[PDB]
Amino acid sequence: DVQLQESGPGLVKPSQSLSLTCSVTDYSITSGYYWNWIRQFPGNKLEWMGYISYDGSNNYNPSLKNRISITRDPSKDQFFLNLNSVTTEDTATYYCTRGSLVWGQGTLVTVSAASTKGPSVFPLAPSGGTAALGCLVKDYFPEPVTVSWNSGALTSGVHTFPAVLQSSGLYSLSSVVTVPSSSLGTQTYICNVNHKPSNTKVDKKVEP
Amino acid sequence: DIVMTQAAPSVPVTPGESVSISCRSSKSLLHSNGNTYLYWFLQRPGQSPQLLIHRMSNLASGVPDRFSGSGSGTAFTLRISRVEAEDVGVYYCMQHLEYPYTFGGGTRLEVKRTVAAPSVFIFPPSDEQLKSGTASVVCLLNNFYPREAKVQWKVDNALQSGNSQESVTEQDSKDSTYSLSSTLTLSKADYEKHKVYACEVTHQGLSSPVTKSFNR
Amino acid sequence: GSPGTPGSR
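Residue numbers (our numbering), protein chains in the order written: chain G, -17 to 190; chain A, 6 to 221; chain C, 11 to 19.
Hints may be right or wrong, so weigh each one.
Pairwise CB distance ranges, derived in the manner of DEER restraints [stated by the list, open to error]:
#1 G/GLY(-8) <-> A/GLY21: 38 to 48 Å
#2 G/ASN26 <-> C/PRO16: 40 to 50 Å
#3 A/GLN165 <-> G/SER150: 11 to 21 Å
#4 G/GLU189 <-> C/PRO16: 34 to 44 Å
#5 G/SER180 <-> A/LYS136: 45 to 55 Å
#6 C/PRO16 <-> A/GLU171: 41 to 51 Å
#7 G/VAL146 <-> A/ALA13: 21 to 31 Å
#8 G/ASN66 <-> A/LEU164: 48 to 58 Å
#9 A/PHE219 <-> G/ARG49: 50 to 60 Å
#10 A/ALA13 <-> G/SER109: 24 to 34 Å
#11 A/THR216 <-> G/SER164: 51 to 61 Å
#12 A/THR216 <-> G/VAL146: 17 to 27 Å
#13 G/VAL146 <-> A/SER192: 12 to 22 Å
In case anyone wonders, no lab produced these hints; they're calculated from the structure.
Ideal Cβ positions, reconstructed from N, Cα and C, are used throughout, including at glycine.
Assemble the whole structure, with the sequences as input and the hints as a guide.
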């Protein structure tokens, strides 16, 4: 089945150029359709940026002035977004699509002068026979991080919260799991944290 | 540009009942070919938007026929009959008549359910963190309804302000509840100077505000 | 002609 996948830097400096790639699998981009870039701002407003067509022709949103190009490489079934002179207003999740029906998973791009920083990972230790434990993923930049528990074996009762931006300009995120008190003596609980921007992986065992 | 307006930022619905979500355009979306170019999307928490309806009334693939689109010219309705818990998310209209394509602001569908009190847990700072000179105390409010919940931090019975942050999960697609995490951040020096750390929670489901606490 | 997305040619 046709699938699309965005790739590219998750952090861009103000006034520089943003570049993203959409890799299309199981469909030739010259065969048909419009190939769109759509972005979603913080606050969740959506904006159509433009498309490239099966013949490589384009249409762009006037909101982007003359800052946008959408180009392609048919030999790789890839199309590309270039956005010049970015500001913090361009911080958004960027989606590539085939028409309105088929969407990529989206990729976050943050525009900021600040440097990439990997997280510290701290245990949230467990204390009606009900318990809870978790991990505090603190002081990283930019978003996102991913958190799993026991390498995906544990999903029941897991709540991974939206990150908060601290006053320092670094993010902090919690992930928790509700567990039975009766499990605390014998069950191993490991949170698996991945911060791809810093190439940081941390596994933290959470103990009573 | 064509301006798309969704008047309601959110709409509450009891499962099993029907709901209508409205969208208005600044210009008629009827094309000379006889089709009306208004599309509807749903975005579930942490997912990409999903096409529901194209050309005003045509049901896209992988969508139950509980969903229907109607309207004409500049006024449109997405109707969902027999709403299920899994329908929660944000519904967006988009005009597809002229460039640029433009979106409505979205309408969040909120499922109405029985009041559920939060289960509350408090976590002291880890020794791992304390080493760096900062201390985070975390309060978890799990699986509550409705959304409105108040967290008050107290340190040796003194009400805290300006030193905490909270985030909340989107309404759960399965049990229709929310969860909330609140973090109190103090210097390690300040943390070691006090004894009683308490998270006080106010919520409709509680008989009285509930406090979870620990002694350092 | 049509404002819709064109399919496979």
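Consistency of the hints with the structure:
Hint check: G/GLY(-8) to A/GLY21, Cβ distance near 42 Å, so the stated range 38 to 48 Å holds. Taking the beta carbon of each, G/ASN26 and C/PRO16 are about 30 Å apart, not inside 40 to 50 Å as hinted. For the hinted restraint 11 to 21 Å between A/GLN165 and G/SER150, the CB-CB distance of approximately 19 Å keeps it satisfied. Between G/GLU189 and C/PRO16 the C-beta distance comes to about 59 Å, which lies outside the given range of 34 to 44 Å.
Here the CB-CB span from G/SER180 to A/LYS136 is close to 21 Å, at odds with the stated 45 to 55 Å. The hinted window of 41 to 51 Å between C/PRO16 and A/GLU171 holds, with their beta carbons roughly 47 Å apart. G/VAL146 and A/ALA13 have their C-beta atoms about 28 Å apart, which keeps the hinted 21 to 31 Å range intact. Between G/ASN66 and A/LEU164 the C-beta distance comes to about 50 Å, which sits within the given range of 48 to 58 Å.
A/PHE219 and G/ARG49 have their C-beta atoms about 53 Å apart, which keeps the hinted 50 to 60 Å range intact. Take A/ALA13 and G/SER109: their Cβ atoms lie about 43 Å apart, and the range 24 to 34 Å is violated. The beta-carbon spacing between A/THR216 and G/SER164, approximately 26 Å, falls outside the hinted interval of 51 to 61 Å. The hint said 17 to 27 Å for the Cβ distance between A/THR216 and G/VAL146, and at roughly 23 Å that hint holds.
About 19 Å separates the C-beta atoms of G/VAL146 and A/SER192, a value consistent with the hinted range of 12 to 22 Å.
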